[PDB]
Structures are given as C-alpha cells and as structure tokens.
Amino acid sequence: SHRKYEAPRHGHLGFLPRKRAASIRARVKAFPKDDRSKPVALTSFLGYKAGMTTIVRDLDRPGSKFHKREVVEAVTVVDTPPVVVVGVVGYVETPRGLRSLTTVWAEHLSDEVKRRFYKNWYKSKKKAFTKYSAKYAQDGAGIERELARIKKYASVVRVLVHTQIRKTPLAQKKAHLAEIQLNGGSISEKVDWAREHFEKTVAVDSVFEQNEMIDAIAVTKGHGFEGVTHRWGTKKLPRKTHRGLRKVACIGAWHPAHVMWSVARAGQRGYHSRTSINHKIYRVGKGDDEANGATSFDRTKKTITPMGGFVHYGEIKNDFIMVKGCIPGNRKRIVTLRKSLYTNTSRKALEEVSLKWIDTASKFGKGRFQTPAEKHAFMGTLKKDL
Amino acid sequence: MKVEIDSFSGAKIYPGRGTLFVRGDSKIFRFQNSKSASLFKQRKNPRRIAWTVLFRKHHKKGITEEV
Amino acid sequence: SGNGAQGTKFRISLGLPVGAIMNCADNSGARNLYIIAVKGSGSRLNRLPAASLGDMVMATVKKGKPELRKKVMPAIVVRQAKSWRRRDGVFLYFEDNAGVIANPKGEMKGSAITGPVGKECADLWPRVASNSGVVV
RNA sequence: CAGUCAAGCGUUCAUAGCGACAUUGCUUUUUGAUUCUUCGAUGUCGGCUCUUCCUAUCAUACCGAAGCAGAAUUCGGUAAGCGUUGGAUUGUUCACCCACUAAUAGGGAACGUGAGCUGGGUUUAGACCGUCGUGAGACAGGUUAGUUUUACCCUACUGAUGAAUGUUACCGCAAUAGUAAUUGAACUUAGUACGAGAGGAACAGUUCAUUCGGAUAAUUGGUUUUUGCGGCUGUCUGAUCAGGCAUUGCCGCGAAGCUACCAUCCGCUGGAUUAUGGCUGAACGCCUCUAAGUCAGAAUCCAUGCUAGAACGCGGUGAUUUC
RNA sequence: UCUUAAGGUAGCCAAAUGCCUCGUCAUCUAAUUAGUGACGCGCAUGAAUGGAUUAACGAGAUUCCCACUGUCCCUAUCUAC
RNA sequence: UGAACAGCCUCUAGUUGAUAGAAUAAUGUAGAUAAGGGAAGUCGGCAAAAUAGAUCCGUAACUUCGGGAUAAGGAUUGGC
Ligand SMILES: [Mg+2]
Ligand SMILES: [Mg+2]
Ligand SMILES: [Mg+2]
Ligand SMILES: [Mg+2]
Ligand SMILES: [Mg+2]
Ligand SMILES: [Mg+2]
Ligand SMILES: [Mg+2]
Ligand SMILES: [Mg+2]
Ligand SMILES: [Mg+2]
Ligand SMILES: [Mg+2]
Ligand SMILES: [Mg+2]
Ligand SMILES: [Mg+2]
Ligand SMILES: [Mg+2]
Ligand SMILES: [Mg+2]
Ligand SMILES: [Mg+2]
Ligand SMILES: [Mg+2]
Ligand SMILES: [Mg+2]
Ligand SMILES: [Mg+2]
Ligand SMILES: [Mg+2]
Ligand SMILES: [Mg+2]
Ligand SMILES: [Mg+2]
Ligand SMILES: [Mg+2]
Ligand SMILES: [Mg+2]
Ligand SMILES: [Mg+2]
Ligand SMILES: [Mg+2]
Ligand SMILES: [Mg+2]
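Protein chains in written order, with the authors' numbering: chain LB, 2 to 387; chain LW, 1 to 67; chain LV, 2 to 137.
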C-alpha cells in the first residue's frame, strides 16, 4: 500500500556519493567568467583555517528592526601568507573538453615547494628540476619558444602557485601547489603577467578587497564510519526495539528485488569536498602590522591572535582573511578562497561593514580578559609577580 | 557597545558572553559563565566564595587603591 | 502571530511545545494556560507544534473561574523561561512561562500585567505593551 | 472514474454551472465469480520507520471561462518539481470531532515493508458470562492471561583497499551518473483601483518566517574517565600528612572533543519550451495564432553551478638506479 | 383475549452477560467507540446454576488526577565487554 | 558502620582460576547524564525517574469498630 503519512526526504541526493575526497585539498571545479577588459589578476587564493571568533559591528539595513543598532556575529579567521608564482600552464579547447598542452616552470624553486614532489624527502638526492634548470642559462631557447607556443594557442591560461608553509605555525614543512586561472584579457598579456611574476610573491590584498563577496572551497571534517541515524538524520526507532534501534527499519519493498540507491545506509561521514558560497569578507588583515584587532573604536594595540594563541593552530603572524559565517573544514586545513561567480546586489551583498571590536579573549575556555595588560590591571599583582 | 559587570562575581562581561537572567520580581542578574550561574542557583552567598570581587573587597585584599 | 501581528520578529528558540501548562499573567482571573496549538506553525511528521515568546497560541484555561473553563481561546506568551539569543548577542530567560488572554485581533481580555514582559512580545502586540508594567 | 445526445433547472437562456429519459467506455485502491500456481508450510490485521513510483491535482507556478464590478467562489488546461500536520476515542483499516496550516488530494510497490520492531486484534492449549445442546461441547457473541528463532553464504546497497597499463610523483580535463531548494506572513502599494454603499485587492520594493539541505563550534546549553580541583560517608594503613577499597563510593564546578532550529552561517542565473495569448498570412479574392514562417511565455526541460571521476578514458609536467 | 407446570417475584444491568450499538441523558476532555452516574419490553440479567451490597486484602482487569521523569518533541555525549 | 548472620571495609583462613596482545569505527549488551516542555509517545506511563531510614506534628471517606494508616500532608537530621 501507500505511505501512511507523507514526509520529506532525509539528506540530499545531489551530494552523493558520501565517500572520502580524492585529496586533502579541494579542487575548484569552476572559475569566474572571464572578461577581457579588467587588468590581469588572480581569481582565487590559498589559505589555512585558524579558528573562529566573535565580532561586534553596527548593522546598517534600512527597514530592519536592528537598523543602525548593534549586533554580534561570529566569523572564521583564515591565515593567508602570500603565495609564490612558480609556473604557468595553458589550456586549448577541444571538442573533448579543455586540455593542457604545455607547462612552463620557473628557473628556481624553493625547498618547500619541491618537497611536494617527493614522498621521502629525507633520503633523496633532491634532484628536482635540475635538468629543467639546465633549460635555462641560455637566453630564451627552450623557454621563450614554449611561452610563444602558449601565446599562439591556449585560450585559457592558469598559473601554478604554492603556499609558504614555513611561515605558518604548522609543522607541515610541505607546500601546497595549486592552479588559478587569470581573468584579465589579451592572453598574450596573461602570460606576460605570469612570466614577470616567476619567483615572485603575491599578497592577498591584491586579489580580495573589503566587503567583497567571496566563496570558500575546502574539504570538510571527517568522522569515519558513521551510523545511519547521524549520517542522514533519520528517526530513531522506539525504545523497545529488538536487534538495535539506531537503524532504518525498512530499506526497501519486495519489488524491485534490490536495495534502492536512495535509501540511507551506514557509511563514512565527512571528509567530503564542499563548496560553500555567499560569504562576505569583513577584514583583510596584514601580518606586518600590530594592532590587527584594533578597530576605529577599539584603538588598542592587540593582534587578532587571542590569549594563548588560537586553539590547535597558534598565532597569525602572517596576513589573514576573516569572513562572516563558518567555512567548511576544521582548523589547520588548507582552504581555497574564490571570487564570486556572479554579480549579486541583494542589498546585503552591497552592504558596507565597519567593525567595532574583536573578541581576542582566550578560546581555551571561558575567557575573561582580552590582554595581559588588562588581566594584570584587573587581578592586580600576584605571588608570581615580585 | 558597553561592557557589562557580572552580578555574582563582578567579572567583566564582554558582548555575546554569559547569560542574562530576569527574576520574577523584574530584577536582572547577568552571569559571565555557567560556573557563576550554577552557584547562584544553589543560593551561595557571594561574600562566602573566596574568588568573587565582593569577597575580596570585603576582606581587604588588593585594596591599595583608596587611601 | 496572525491578525494582530503588527510587524515581524526575528526567530527565537521554541520552548513551549503543545501540552505545556503556562502561568496566566493578567487579571482576567485565569490561573494557568494549556497550549493546544500555535498560530503560524508549520507541519511535519511527529513534530510537536511549539510556542515561543510573543507567539499567539490557541490555549485553554485549566484553573480559574468557571466561565473561563471548558472553552478554547487565543493567548499570547509573555514569558519564556528558556534561554534564547537576541541578535544583540545576549542569551536571556525568565524564571517561568507566562502569557495572557487576548481576542483573535490581539485585544487583551485582562486589564493589567503582573511581572515583567519580554521586549519582543511587547514590541509586536501594541495592546500588550500598553498594559505591561516592566518590559525587558 | 469519464464521455456522447439533450426534455428541463438556471428571472429570459440547453450546454456559466447542472441535467432526466437513454447509451458508450475506462480502472483494478472495493466486493464478487473461478480454482491456474503454492498444503515434504512464500510467516495473514494493524501501527511504527523508510524509499520510489502513478495522476483521476488538495495547495503552490502560469493561464482560459462565468449567472467573474471588487473580495470571495465555481468550471477547465499545462502540470507529480515541492508539500500535504499535531491530537481525543477505538487493536483497528475505516469512522467522528478539536486545532493549526497553502493544503491537511487519492493510490501502488506479494492488499510494500516481522532473519526491521510491537503484539493491541484475529488465531492453540487455562479461565469467566449469556444463548443453544440432556451430555461431551458450539457461538465472525462478549472478557482476561498467553515463548515472535538464525544471516558468518551470494547478489543488491553504503562505504573501504586493490595487480596489470616502463617506474614514480605532481598538476589537470571531463564522458558519464546524480542534483534542490520550498512556502507563508507583515509593512508599503492603499482604505487606492472597483463599488450606491456595504466592503475592498494586485504588480514593483522592504523585513522576516515555515519546511528541507550542506557545513561549523566564536558564544549559550548538554555531555565528564581530564577520574582536573574541592567537599562528604563507612572502613583500612598506630595518629598527622597522604592515600586504598565501595565494579567510576556520592555531590559541586569542570577545560578539550563531540554536539543542539537548544547554537551560528550559507543555499546561483541563462536558454529552450507546455497550457495560453499574439504577428504576417493563405487555404477559402473575405476572414483566421497555422497550413509554410513567426513573437512572449509554467515551480516544466536542458544548461550555469554543486557532487563522484571511467578503478580497461585522456593530457601536461619532474626525476628516471651503472659492482 | 389465547396459552403453559409455572409464566422472571425481590433485586440488578449496554455489567466480564445487549445484536441493533459508537443505545439515550449528565459528567469527565478543546476534542472520548474509553470511564463513571442514571433509563430499561433485558437478541439472551436474576436468586445456593446463588441475587444485591460489602470493610480489608490482590505481582488480577479498567478510568482519571498529583509528583516524577529522554516515552516523546529530538536527539546528543560518556564508560566497561 | 549500622535495628540487623542487610549492603559496605577489614582480621584468621583460602584464592588471584575463567585464551591473550593492539586499537577505540558503525550497530550492539550492561551502566549512566541531559537544557525547555512534561505522557503530547504508546493498545496500554512498558521501561525509567520520583518517594524512601529515624524523631516530632498531623491523618479523611468508609467500616465487620478490629482497621483504613507509614492514609494524605508537613518540619528536623552534620561536627564540636
Ligand atoms: Mg501519500
Ligand atoms: Mg547537522
Ligand atoms: Mg522484544
Ligand atoms: Mg573553546
Ligand atoms: Mg559548558
Ligand atoms: Mg507518529
Ligand atoms: Mg486460490
Ligand atoms: Mg499450503
Ligand atoms: Mg519447500
Ligand atoms: Mg519468504
Ligand atoms: Mg491530467
Ligand atoms: Mg491490489
Ligand atoms: Mg508500508
Ligand atoms: Mg522481510
Ligand atoms: Mg484460548
Ligand atoms: Mg475449564
Ligand atoms: Mg442448559
Ligand atoms: Mg470460530
Ligand atoms: Mg549531466
Ligand atoms: Mg560540551
Ligand atoms: Mg491578422
Ligand atoms: Mg445464570
Ligand atoms: Mg551499635
Ligand atoms: Mg554484617
Ligand atoms: Mg571463557
Ligand atoms: Mg498518537
């Protein structure tokens, strides 16, 4: 017979399969539509998720109850040290899809970037790009010819850049290499932009800007093998259920004599690649500046790093990106930040944001103070003090 | 913004932190965390707890401010 | 919410499912209120309709004068007793659940309010605000 | 369940909406008829949980007609994309009321689903009452108590490794398969259009909310074997300090992690169409959205985007062993 | 008025005994095929086939109320094997 | 300790026997805790939770006058 009472589904059928992602770094499967009018610039960036915090900002939305009144929101902080442009690759369109035809690398590579190419760096001759380096030492023989080959073809040009993992508190010691499509114009100019940037760094402030509407692309937090009840949010069976109750009672009818692909079943949860859209940047921090957490109303010399450092991460000595909301992926994970695909007015994507105060209290518990100067001022002197 | 003062322990309460409690007689009590809130629910006298600011002032500890 | 809903309110945590007994906060002579429905609530399998601060509900008097017994009437919740987060960033809650009696238009049957009332409920029903003593 | 004809109803008027007398069909969600398969056994009602499908569409999207001034309503089309509830009584399917909602539409999948649950009913053996029988006993008459077994095999499904493709590593492409967002309210429009008045909208805009989904732990709450700190009982170590035991001795707080519409954030825009309304324009010197041609258009379809990446699809790139 | 050997008296009841039946009225609930109190031409109650009531007692059946609680809204976490 | 050959700890005496090692996924078995609500779940409060000792106060209808009765409902409890 039919279902006694109609109820919506559980989970999302468009997010299958819920298997582990291919790699720890999520891959950007689409880039903003290119217009050959603006100057050549990146369309994405690489960063690391440090942690979340609490921000206080005066909401400005005509008609709303809290218009011109104070609200409290939670944002996540992403450490974004500048990346190094090492190598560009061109893509020629084919009736079978886009295909890379050539790759031109930089003459010199840092130690951290080439560690990606070795599964055992400690016992190795470290002969990476050594003979490719010999392609240089002549003016332009083997390289400029390849660059010209890219110019004559390769309607889409992407740039290979790698993070400076040594600048982060992580003990990773291995860089992350990724591609970013350039959305300037006159692809001949695109490769000129890339070649001039070989062995050169690019700061995050040259890509993203305050109040800009961006997107986050990262692999979520894995959780191993998971029961059906929590993997899909199904109803728990009654208490007096034999042979367990954290299950799904009926997984299919007699016909078809198979288990449907749309029935919730136990399997690995998390560690999937996700693309979270519509996240608004609030502050573009600069590592070469104290008082990172100081607003025009706070005016206290305190960095974005809380007391005792970010939980499980450390400090934010580098430039950082802090975006409203929460982005997928846990702390210490590589995260790729992307420009918005389409222009969105929405009267909230055009909102101008100016912060008031940053919660720098220690996240290792119910923190009370914001600065050891304040802590000493409040508690007074102690036995440890002389 | 205006930083709050805890009703039980006097600790400074920053925006978005702690819990606010309104008693039936319309008096409001703000607790910086669950620790102070729970002790308040057990009718513990702030004067008898050794780390509250009220106790410290009452017992003249670190009171070198006023002469 | 409903006919008397003058404006909109932000979402607040539900703390009063149906079947709850709630204190009567006016002078109409009712002692408690029994929830049987919530105005504006959605539908879902096995999901009990739940009431929050400022929500108009279909309530029934369980203790009070007999002419208020045995009949259903609208009501408006004025105290929640379950913590909810205001968008200014604070979590607040009263010590008990409380509400009043009102017609479908929102005109309160009683004339006075005992105890404090929530600012969300007062800001939304003008009539409740007028008779409210202390608003928070 | 749907037609065909049209005596009448409908102030006049068959067909706005109905429609008698007749007549043609469709479906197998009723109940019948037959006994074709199963009696060396296919686990029978109902409820709970869950998935998908059908459309004879309840609402939501867009339209057509009226005995459509407005509002409300009724008939109809494209439409199964999305949703269709919480309760009182009954074992109930069914039924009847309370209430919310946009609505509380109808069905199938061995009258879906018992090695998924329950056992309230039916449907063993105990027992009671009424009627019947002299009697043993009978009663789709009523009542109460009455064991719910096994998956380690194959396939299916969800996840997870994996040889051979000179070796290894890195960066990619995208065939294919899946796909998602949904709905309501309030203000403004506007007490305006419309109407004698009674009453009384809509388009654009704004703030939110319902249901659903993917994440996340800054805050709040929960969780305590951090056995982290403190306190308390009985006993044991001559006493103190410090500790053991009481299957974590008990209580208060309790970081980290996990976690909650009990917490926070987020959930895109292009084309082609359906119904329908139009253009030019013959057929048919007139006329006609149609015959050729053609314009706009639905929550429709395909795309943008999102997910997996063919483990016998592909590309670029680094290095590529010398007792 | 026919008829039996006598024609259900005292009592009791939609009761564990009533098909029609979810009987009718009141109460109980917002809503009750449940419960209780009444009515009784009672298919088919009824007197040691024992009728009616009954304090106390009951791992007997049924209804409601208070306190209580993860039974549930709506799930989450921890420990041992 | 305590009313107590109750439960809990110890002395005399007797054992240290039950295949082990390493991790801490899902579902389990056993033990638990949960904010707001409080039976709305369910055939049915099934299970679980709540109360509990002792001292003092107070204790209804009904009744076979014996009971009901620990009725119900309250207050106290340590150490010196
Ligand atoms: Mg259905
Ligand atoms: Mg979740
Ligand atoms: Mg069982
Ligand atoms: Mg923390
Ligand atoms: Mg806590
Ligand atoms: Mg249910
Ligand atoms: Mg047969
Ligand atoms: Mg047979
Ligand atoms: Mg056989
Ligand atoms: Mg079988
Ligand atoms: Mg149709
Ligand atoms: Mg059938
Ligand atoms: Mg079924
Ligand atoms: Mg089966
Ligand atoms: Mg029997
Ligand atoms: Mg017998
Ligand atoms: Mg006989
Ligand atoms: Mg029979
Ligand atoms: Mg496709
Ligand atoms: Mg916790
Ligand atoms: Mg024309
Ligand atoms: Mg008899
Ligand atoms: Mg003694
Ligand atoms: Mg003893
Ligand atoms: Mg053994
Ligand atoms: Mg139910």
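Since the hints were derived computationally from the structure, they do not count as laboratory data. The reader is advised that the hints may include incorrect statements.
Stated by the list, open to error - Think about it this way: if two alpha-carbon atoms lie no more than 27 Å apart in a straight line, the pair counts; the simulated DSS-like pairs of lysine-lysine are:
| id | chain 1 | residue 1 | chain 2 | residue 2 |
| --- | --- | --- | --- | --- |
| 1 | LV | 83 | LW | 41 |
| 2 | LB | 66 | LW | 2 |
| 3 | LW | 2 | LB | 376 |
| 4 | LW | 2 | LB | 385 |
| 5 | LB | 318 | LB | 222 |
| 6 | LV | 40 | LB | 236 |
| 7 | LW | 61 | LB | 66 |
| 8 | LB | 303 | LW | 12 |
| 9 | LW | 27 | LB | 303 |
| 10 | LW | 44 | LB | 376 |
| 11 | LB | 333 | LB | 318 |
| 12 | LB | 367 | LW | 61 |
| 13 | LB | 66 | LB | 357 |
| 14 | LW | 12 | LB | 302 |
| 15 | LW | 61 | LB | 384 |
| 16 | LV | 64 | LB | 357 |
| 17 | LB | 241 | LB | 168 |
| 18 | LW | 12 | LB | 385 |
| 19 | LW | 27 | LB | 364 |
| 20 | LB | 66 | LV | 64 |
| 21 | LB | 303 | LB | 376 |
| 22 | LV | 40 | LW | 44 |
| 23 | LB | 302 | LB | 222 |
| 24 | LB | 333 | LB | 281 |
| 25 | LW | 2 | LB | 69 |
| 26 | LW | 41 | LB | 385 |
| 27 | LW | 27 | LB | 384 |
| 28 | LW | 60 | LB | 357 |
| 29 | LV | 40 | LB | 66 |
As the list claims (entries may be wrong) - A few chain LV residues facing chain LW, derived, Cβ under 10 Å:
| id | residue |
| --- | --- |
| 30 | 73 |
| 31 | 80 |
| 32 | 92 |
Said to hold, decoys possible - Ranges between beta-carbon positions, derived for each pair:
| id | chain 1 | residue 1 | chain 2 | residue 2 | range |
| --- | --- | --- | --- | --- | --- |
| 33 | LB | 300 | LV | 6 | 21 to 29 Å |
| 34 | LV | 96 | LW | 35 | 17 to 25 Å |
| 35 | LB | 355 | LV | 43 | 51 to 59 Å |
Think of the CB as a built atom: it goes at the ideal place given N, C-alpha and C, for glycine as much as any other residue.
Does the beta carbon distance between residue 96(LV) and residue 35(LW) stay inside 17 to 25 Å, or does it fall outside?
Between residue 96(LV) and residue 35(LW), where Cβ atoms are some 20 Å apart, the hint holds.
Satisfaction of hint between residue 44(LW) and residue 40(LV), Cα-Cα up to 27 Å
Distance of about 42 Å is beyond 27 Å: violated.
Residue 44(LW) and residue 376(LB): Cα distance at most 27 Å?
holds (26 Å)
Restraint status (C-alpha distance of residue 303(LB) to residue 12(LW) at most 27 Å)
holds (18 Å)
Taken at face value, is the distance from the CA of residue 376(LB) to the CA of residue 2(LW) at most 27 Å?
holds (18 Å)
Next item in the hint list is residue 73(LV). Is there a CB on chain LW closer than 10 Å to its CB?
violated (28 Å)
27 Å Cα cutoff - pair residue 318(LB), residue 222(LB):
Measuring from Cα to Cα gives roughly 25 Å; hence the hint holds.
27 Å Cα cutoff - pair residue 66(LB), residue 64(LV)
Not satisfied, since the Cα-Cα distance of roughly 37 Å exceeds 27 Å.
Hinted pair, alpha-carbon criterion (27 Å max): residue 41(LW), residue 385(LB). Please report holds or violated.
It is violated: about 34 Å lies between the C-alpha atoms, which goes past 27 Å.
Pairwise hint evaluation, residue 357(LB) against residue 60(LW), where the allowed Cα distance is 27 Å at most:
violated (37 Å)
With a cut-off of 10 Å, does the beta carbon of residue 80(LV) approach a beta carbon of chain LW closely enough for the hint to hold?
holds (8 Å)
Looking only at beta-carbon atoms, does the pair residue 300(LB), residue 6(LV) fall within the given range of 21 to 29 Å?
violated (43 Å)
Hints 4, 7, 9, 16, 17, 19, 20, 22, 23, 26, 27, 28, 30, 33, 35 from the earlier list are contradicted by this structure; the remaining hints agree with it.
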